[PDB]
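Consider the single chain below, provided in structure tokens and representing the form solved without its partner chain.
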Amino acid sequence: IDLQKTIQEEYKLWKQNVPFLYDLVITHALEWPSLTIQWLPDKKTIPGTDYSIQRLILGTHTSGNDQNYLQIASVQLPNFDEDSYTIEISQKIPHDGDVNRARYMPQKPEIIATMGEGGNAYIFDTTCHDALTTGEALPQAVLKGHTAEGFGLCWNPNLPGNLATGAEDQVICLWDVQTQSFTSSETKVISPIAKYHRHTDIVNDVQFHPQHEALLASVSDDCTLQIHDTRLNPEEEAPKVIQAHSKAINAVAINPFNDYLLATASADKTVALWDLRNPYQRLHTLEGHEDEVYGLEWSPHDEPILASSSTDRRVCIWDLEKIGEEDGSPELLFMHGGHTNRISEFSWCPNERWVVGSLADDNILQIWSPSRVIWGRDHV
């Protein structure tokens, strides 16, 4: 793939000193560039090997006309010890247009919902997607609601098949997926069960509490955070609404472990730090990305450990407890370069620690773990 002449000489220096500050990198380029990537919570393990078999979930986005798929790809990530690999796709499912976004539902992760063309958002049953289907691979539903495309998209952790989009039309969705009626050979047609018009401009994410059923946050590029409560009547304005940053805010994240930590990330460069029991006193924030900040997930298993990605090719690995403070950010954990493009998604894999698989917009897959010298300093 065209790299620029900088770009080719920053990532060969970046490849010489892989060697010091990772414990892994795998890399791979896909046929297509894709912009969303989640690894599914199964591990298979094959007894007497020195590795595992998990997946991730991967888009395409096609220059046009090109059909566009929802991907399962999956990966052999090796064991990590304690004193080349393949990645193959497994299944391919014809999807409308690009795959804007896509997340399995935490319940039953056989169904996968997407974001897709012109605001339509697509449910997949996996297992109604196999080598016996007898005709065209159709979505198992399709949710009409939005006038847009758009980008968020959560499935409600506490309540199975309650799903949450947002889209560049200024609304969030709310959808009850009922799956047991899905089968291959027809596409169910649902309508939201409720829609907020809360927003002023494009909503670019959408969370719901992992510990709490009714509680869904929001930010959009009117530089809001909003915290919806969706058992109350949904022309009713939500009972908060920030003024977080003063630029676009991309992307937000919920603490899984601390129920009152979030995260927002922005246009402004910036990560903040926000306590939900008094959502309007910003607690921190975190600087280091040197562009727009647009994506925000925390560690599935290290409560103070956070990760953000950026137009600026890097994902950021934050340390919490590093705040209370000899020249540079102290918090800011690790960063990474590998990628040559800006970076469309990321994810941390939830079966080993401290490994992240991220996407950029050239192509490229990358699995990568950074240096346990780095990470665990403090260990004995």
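Numbering follows the first chain given and starts at 1. For the two forms, the rigid core is made up of the largest set of C-alpha atoms that agree within 1.5 Å on superposition. Compared with the form deposited with its partner chain bound:
Only one entry in 200, 183, 191, 147 has its C-alpha moved by 2 angstroms or more between these two forms when the rigid core is superposed, and that entry is 183. A displacement of 2 angstroms or greater separates the C-alpha positions of residue 134 between these two forms, with the rigid core held in common.
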Given for the second form:
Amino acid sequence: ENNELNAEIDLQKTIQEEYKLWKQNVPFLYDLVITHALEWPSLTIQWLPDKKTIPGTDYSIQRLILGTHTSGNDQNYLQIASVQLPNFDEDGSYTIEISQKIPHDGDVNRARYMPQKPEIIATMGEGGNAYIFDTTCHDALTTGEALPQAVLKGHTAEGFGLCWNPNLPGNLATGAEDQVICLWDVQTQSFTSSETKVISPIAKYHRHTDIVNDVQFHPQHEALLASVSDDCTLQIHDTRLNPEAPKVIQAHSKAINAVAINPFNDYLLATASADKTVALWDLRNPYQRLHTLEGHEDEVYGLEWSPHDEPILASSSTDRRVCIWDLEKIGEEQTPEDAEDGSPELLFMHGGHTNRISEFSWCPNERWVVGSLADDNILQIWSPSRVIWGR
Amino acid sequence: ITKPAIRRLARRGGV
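Please give the corresponding structure for the form deposited with its partner chain bound, as opposed to the form solved without its partner chain shown earlier.
Shown next: the complete complex, the earlier chain at its head.
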């Protein structure tokens, strides 16, 4: 084929040209940029919540959950990386160490620590199985990392939806390509045994008619679960009732890849879609689309509210960009020239990656620090300049 | 180039 190959050549040329310009502009756009090459690409990233300060040094040690997807032959791993970060305070020699390498069955599609017990990590893995690990544990006989404490059997195809209930310890939700949502009750209670425990769902939802891409519990209401899907619906589930029926919203006309509930509000929810937009919703009046955030140039896949600032939201796309939105600029006037760059609330575009964004994660221990991964093995840890977000 | 130039640069990603 003659158009495909030369179009891919031209795309790579564009990427290399724009990466060179991005590097030239970094000193004006960032307060920090740390880049680390990984041995394997990761589909997932999450900051763990611990921070270790060292008296007499100007940096702290923090940690990231990572995974692998050799997806053929090589053994996969749930990994924990330890990274130095500078200690900010108000007005490039930093290392990484892969400190834990835990054998994992198949690609690590998604991994999340339990908020109430961060040493417990759930993953979505081979064939649809979910797995539970205790990262403080060891092999029965050796110092090698432990086998899964539990395997969660229920999904019949692989999935990427995974989230813990921040208000009900050990409560887990998963969504997968079998179009099903499984609810689980994980009792770390039970990991006093010489063998991996097998766990079955406490509940299953067959309410979507296509791949379930993302699930999230409302940060402050333990019975409330949001789900989004390739069937182009956002669904709000009450986990007390019986599969009664959820609230269904035709939120976009193309696939919905991610969902994110504001951690500071009761009501504000955002969705990210293959239609290249992020949409905002008020849970008290969920059938009215409040606003549509424009700026990405391809499908939007990642979405996470800032854990420190109520109006700050971030998204990521196969356009290779991570965008940061500031909802306080809703309504501000802009010229049609500026509008070509995006909606008024678009605050910052991170252009440091040179392939599709896999996932990113806000650093809970520092303000305005993001860790992001792309498919070409690159991890970047970065902070936009206080010139841009300050005041 | 003060704050407003930097803010268009930021929205464009410096690219």
